[PDB]
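The data below hold one chain only, encoded as structure tokens and taken in the form solved without the partner chain.
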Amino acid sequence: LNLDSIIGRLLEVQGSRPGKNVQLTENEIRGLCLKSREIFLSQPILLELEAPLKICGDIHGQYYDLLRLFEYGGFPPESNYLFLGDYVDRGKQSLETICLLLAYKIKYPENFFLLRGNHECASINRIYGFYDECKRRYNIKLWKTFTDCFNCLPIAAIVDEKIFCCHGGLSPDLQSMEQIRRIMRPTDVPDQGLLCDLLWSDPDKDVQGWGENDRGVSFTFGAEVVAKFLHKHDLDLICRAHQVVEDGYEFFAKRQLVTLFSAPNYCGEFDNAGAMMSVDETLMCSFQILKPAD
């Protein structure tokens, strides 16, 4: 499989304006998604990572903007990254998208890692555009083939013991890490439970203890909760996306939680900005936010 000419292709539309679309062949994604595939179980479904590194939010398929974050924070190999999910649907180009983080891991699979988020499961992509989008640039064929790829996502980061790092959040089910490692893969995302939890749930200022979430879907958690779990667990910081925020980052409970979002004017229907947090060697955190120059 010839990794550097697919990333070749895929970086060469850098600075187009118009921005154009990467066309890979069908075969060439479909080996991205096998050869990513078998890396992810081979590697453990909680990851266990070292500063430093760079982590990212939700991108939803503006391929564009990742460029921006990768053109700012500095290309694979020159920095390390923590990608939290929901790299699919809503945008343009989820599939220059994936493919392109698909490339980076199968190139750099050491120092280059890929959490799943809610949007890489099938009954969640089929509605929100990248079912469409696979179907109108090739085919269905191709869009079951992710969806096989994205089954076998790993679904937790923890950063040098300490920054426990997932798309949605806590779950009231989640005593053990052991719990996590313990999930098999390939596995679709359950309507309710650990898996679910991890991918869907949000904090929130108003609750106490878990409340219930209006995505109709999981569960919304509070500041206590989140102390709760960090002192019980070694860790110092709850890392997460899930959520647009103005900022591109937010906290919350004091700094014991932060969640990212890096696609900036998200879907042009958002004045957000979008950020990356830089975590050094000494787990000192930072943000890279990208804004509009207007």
Contents of the next structure:
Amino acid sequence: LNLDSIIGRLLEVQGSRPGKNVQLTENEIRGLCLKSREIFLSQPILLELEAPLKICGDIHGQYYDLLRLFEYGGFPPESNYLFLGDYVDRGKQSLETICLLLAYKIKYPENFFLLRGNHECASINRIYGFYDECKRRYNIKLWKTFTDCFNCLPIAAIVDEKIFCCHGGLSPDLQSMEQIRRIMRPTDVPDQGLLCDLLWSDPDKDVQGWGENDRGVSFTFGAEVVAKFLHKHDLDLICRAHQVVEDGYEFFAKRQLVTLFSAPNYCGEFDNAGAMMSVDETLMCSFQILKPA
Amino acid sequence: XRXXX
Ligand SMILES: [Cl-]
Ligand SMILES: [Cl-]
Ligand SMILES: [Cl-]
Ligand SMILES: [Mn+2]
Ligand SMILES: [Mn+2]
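Given the form solved without the partner chain, corresponding form solved in complex with the partner chain:
Full assembly next; the chain just shown is listed first.
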């Protein structure tokens, strides 16, 4: 597997002109999936990471925006990265997006990290674009290869024992961090329970404790749930993604939680910015923002 | 279409 060749071809389109595809070979992509899978399984399902690093939220196949995020933040390994999931579906270039991310994981496995989002899940792919993209540009066997890799992604990260990171949010079933550690891979995303909630739940200003989620799955959680969680586990911040936010980032619960969303002008249906969070050596947080067009 | 579009 020639990682540098692959990365070079993926980066060739920098400076376009969003639209131009990068079409790797089927064998190359299979290799990216198999090798990255191995690395994911070799590392904990609950990552323990060090600052400084950059944290990114949803990308959703907006490949040319991913390239802008790296241009702003430094291409790996110039900065360490943690992505919070939702690499595929909705956008025009999910394949380029996930392939560059997997290539970087293989090249820089101790300095580049990818968590699982609710879209790194076959039943959601089937509906929201990635299955169709794979069928059109490759074949459904390659889609299954991707799913097999997704099924091995880690689920959460803690940065320097103080910033708890996950795609969706908290769970009414999350009492101990060991519950996350015990989760065996490969696994699908279940339609209920801890793993589901970590990838699906949302904060809500109008809910006291736990509430119904209008997505039809998981829950919403209020500010007091966040406060209690941070106190119980001696954390300073929850960092999550999963919801489009106008500024690209948005604080909740007296700045005890932040939502990151990194795909600007999402679906061409929102006028949102995309943000990446810079976490310095002392865990101070700042932002790099792709303003809407 | 809320799955979120
Ligand atoms: Cl796009
Ligand atoms: Cl398509
Ligand atoms: Cl649930
Ligand atoms: Mn999501
Ligand atoms: Mn998303």
